[PDB]
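Trainee: As a plain string of letters, each chain reads:
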Amino acid sequence: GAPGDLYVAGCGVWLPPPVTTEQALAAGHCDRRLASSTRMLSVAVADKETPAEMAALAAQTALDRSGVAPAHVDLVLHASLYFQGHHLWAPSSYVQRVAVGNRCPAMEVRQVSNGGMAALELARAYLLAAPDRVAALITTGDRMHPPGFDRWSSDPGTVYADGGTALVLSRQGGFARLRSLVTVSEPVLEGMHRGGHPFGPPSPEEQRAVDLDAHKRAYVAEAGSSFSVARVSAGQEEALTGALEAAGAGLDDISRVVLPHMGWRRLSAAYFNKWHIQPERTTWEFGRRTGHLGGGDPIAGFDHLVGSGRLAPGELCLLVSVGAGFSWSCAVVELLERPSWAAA
Amino acid sequence: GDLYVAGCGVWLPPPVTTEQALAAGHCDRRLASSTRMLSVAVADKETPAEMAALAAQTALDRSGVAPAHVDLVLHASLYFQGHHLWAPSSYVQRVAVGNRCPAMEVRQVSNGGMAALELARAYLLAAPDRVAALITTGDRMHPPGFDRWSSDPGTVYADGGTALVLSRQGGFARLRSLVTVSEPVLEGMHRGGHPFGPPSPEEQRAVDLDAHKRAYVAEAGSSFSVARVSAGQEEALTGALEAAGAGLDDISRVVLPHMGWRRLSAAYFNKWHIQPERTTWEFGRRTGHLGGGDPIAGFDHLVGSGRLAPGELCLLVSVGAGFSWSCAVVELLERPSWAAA
Numbered sequence: 006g007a008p009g010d011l012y013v014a015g016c017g018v019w020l021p022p023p024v025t026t027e028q029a030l031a032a033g034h035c036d037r038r039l040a041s042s043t044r045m046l047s048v049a050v051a052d053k054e055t056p057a058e059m060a061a062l063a064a065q066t067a068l069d070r071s072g073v074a075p076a077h078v079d080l081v082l083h084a085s086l087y088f089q090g091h092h093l094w095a096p097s098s099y100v101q102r103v104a105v106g107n108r109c110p111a112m113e114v115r116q117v118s119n120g121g122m123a124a125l126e127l128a129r130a131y132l133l134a135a136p137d138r139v140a141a142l143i144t145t146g147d148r149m150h151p152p153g154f155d156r157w158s159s160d161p162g163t164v165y166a167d168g169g170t171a172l173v174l175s176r177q178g179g180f181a182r183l184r185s186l187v188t189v190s191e192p193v194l195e196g197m198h199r200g201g202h203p204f205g206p207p208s209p210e211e212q213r214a215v216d217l218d219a220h221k222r223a224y225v226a227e228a229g230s231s232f233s234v235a236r237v238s239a240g241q242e243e244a245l246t247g248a249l250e251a252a253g254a255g256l257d258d259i260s261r262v263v264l265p266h267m268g269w270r271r272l273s274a275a276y277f278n279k280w281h282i283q284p285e286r287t288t289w290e291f292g293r294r295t296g297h298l299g300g301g302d303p304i305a306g307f308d309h310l311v312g313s314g315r316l317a318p319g320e321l322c323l324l325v326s327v328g329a330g331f332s333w334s335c336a337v338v339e340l341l342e343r344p345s346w347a348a349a
Numbered sequence: 009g010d011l012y013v014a015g016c017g018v019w020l021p022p023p024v025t026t027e028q029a030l031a032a033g034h035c036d037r038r039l040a041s042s043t044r045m046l047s048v049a050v051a052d053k054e055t056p057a058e059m060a061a062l063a064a065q066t067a068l069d070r071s072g073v074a075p076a077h078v079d080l081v082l083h084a085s086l087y088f089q090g091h092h093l094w095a096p097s098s099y100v101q102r103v104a105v106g107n108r109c110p111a112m113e114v115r116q117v118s119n120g121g122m123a124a125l126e127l128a129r130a131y132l133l134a135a136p137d138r139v140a141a142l143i144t145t146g147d148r149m150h151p152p153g154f155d156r157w158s159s160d161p162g163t164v165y166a167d168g169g170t171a172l173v174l175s176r177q178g179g180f181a182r183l184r185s186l187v188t189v190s191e192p193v194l195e196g197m198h199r200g201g202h203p204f205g206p207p208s209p210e211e212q213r214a215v216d217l218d219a220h221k222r223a224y225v226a227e228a229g230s231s232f233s234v235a236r237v238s239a240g241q242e243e244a245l246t247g248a249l250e251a252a253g254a255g256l257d258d259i260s261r262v263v264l265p266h267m268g269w270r271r272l273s274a275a276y277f278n279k280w281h282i283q284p285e286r287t288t289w290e291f292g293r294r295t296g297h298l299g300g301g302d303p304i305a306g307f308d309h310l311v312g313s314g315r316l317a318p319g320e321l322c323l324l325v326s327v328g329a330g331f332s333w334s335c336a337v338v339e340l341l342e343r344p345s346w347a348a349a
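One line per chain: the protein sequences are B and A, in this order.
Residue numbers in the first sequence follow the authors' numbering, run continuously in steps of one, and reach 349 at the last position.
Residue numbers in the second sequence follow the authors' numbering, run continuously in steps of one, and reach 349 at the last position.
No wet-lab data here; the hints were simulated from the structure.
Every residue, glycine too, gets a C-beta built ideally from N, C-alpha and C.
Treat each hint with caution, since some may be false.
[Stated by the list, open to error] Covered stretches of chain A (in silico footprint by chain B; criterion: 3 or more residues with CB under 8 Å from a CB of chain B, positions within the stretch not fixed):
| no. | segment |
| --- | --- |
| 1 | 124–130 |
| 2 | 147–161 |
| 3 | 321–331 |
Throw the hints in and build the complete structure from the sequences for me.
Mentor: As structure tokens, this is what we get:
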């Protein structure tokens, strides 16, 4: 391809064993109404593995598949939205030690549920900023366990997964081409996911049981429901239309849509009933068995589409990601060839 | 073409003296004597993003850069930001910038500010029409999760925010070099679990870095650890100086991490043979370790107090657990208008 062309050279996940909704119901973690509203079938849940461990595991898979040498990994970025396990410790340096074994800069990037795409933006910029740079590694990892987090009710309508994802970005080549990547920011909405006055300073710290539902009602009270809904809608539309236009495509040109692993009710309101697309055109069935992987959903979703053979050479894929803040990223990815690790 | 520093700022809450810390039993006489800390900025109710936002307002106002020309917002920190599943960079963007460019967090422990500086540099250089980027740091190191005097004995941690405005267009200073070095073999020094195995299960208990360091040295060896730490530092220093076409003798001022006297003497004064008077020692010892914002606070101090003169080079020195090191050589082009004589 052209110069300035960026490629996906490898990707991978490490997902711990699934806990089914049935197991969750029987264990009092989930009530049947939330089971019915989200239509979740299972969620990946870790036993002992920590976030950086899962991220490093995913990275080893992504790197091997990529065939890219450690000496050509010029940047390591690790994204997450929850506690990485040890304070004043560098999880990106763990990832680098274990999965890459080189000496390039290794750091964390965070943008809540949009962290993976956020890291993708900075990785793209890093590779393009100097002519001699080759590849970048992006990972995500999160472990959403008690007592700090309740994966079913800390944020009702989305069920959170433990796990790690990874993607290798390259200026040199790969099996897919990054046709566009667009990020949109609407910071006016930041107060929706915190205590304190939505337009004043944040309340004192709250390590405790995360409880989004209560802060969101306080935000709407102040800002207005109409304003809140409209602004979320607009940001999503700007990212979608921005990514499609940058790629020379329309929604009809897109074969598969990678959506966030949220519950059915949320996906319908945001995507199925808005964009008038069918679930079978999306990663819905994969997501509903996996759960929300922190900021790593689009990497997991893309990896699944490619590994399963659902995406064919020449076809375009749309990555859709959103995070509190709010931030939205969309990307159009064109599959150039079926990688050797995929099934047909 | 080289980038510019267009503005910078800090927001530091009121000092708590070593005398008061002694009297409250937070600090003993050996620790006061070894660190030689005079005071540390301690926040009352201010949260990290809040302090970061205040420092950013100051830095942006000084820069004169319009919000439309701020193409990226990066917020760095090393400790809990106060609310899970919430976007502190978005708070900072809302409060201090009012614009719609991407806002995100970058972390690298105590090297976070310089790490954000690396990514912001790349971002500005990655497209021909980009102009400025905002980098902020903000942390609040309160009990019972953290003990500012004894979680990492030898360094005393401050609450505060810092901010720098980086531009391709112009500014009062030129970023002449910026170089980052990474030694991930040392990552295990700051966590539980086997230094060369997976991390131990999630902590809880207040930060106890000394327990992890002893466990690391006991496994990897003291000789190995000291030499590798020393080599990383040497690589960053030399890398930055060479990239600027300079030597340590050409540097007028050195911005050092705000560690205690004993650590600074071992790492820098008795290693490089530079005089403490040529550094931000006196500013740091009254301020404390500002998470990853020290080199921003220190450079801001040097400039605003008129200690740096047009034509003179300043060396920023930063290090964080990981380990990661960054050094940068900044040339002062003109004394800005907020700067005393």
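Trainee: Do three or more residues of the segment 124–130 of chain A come closer than 8 Å to chain B, measuring C-beta to C-beta?
Mentor: That given contact holds, which follows from 4 residues of the segment 124–130 of chain A lying within Cβ reach (below 8 Å) of chain B.
Trainee: Three residues minimum, CB to CB under 8 Å: does the segment 321–331 of chain A make the cut for coverage by chain B? Let me know.
Mentor: holds (count 4)
Trainee: Three residues minimum, CB to CB under 8 Å: does the segment 147–161 of chain A make the cut for coverage by chain B? Let me know.
Mentor: It holds, with 6 qualifying residues against the three required.
In summary, the structure agrees with every hint in the numbered list given earlier.
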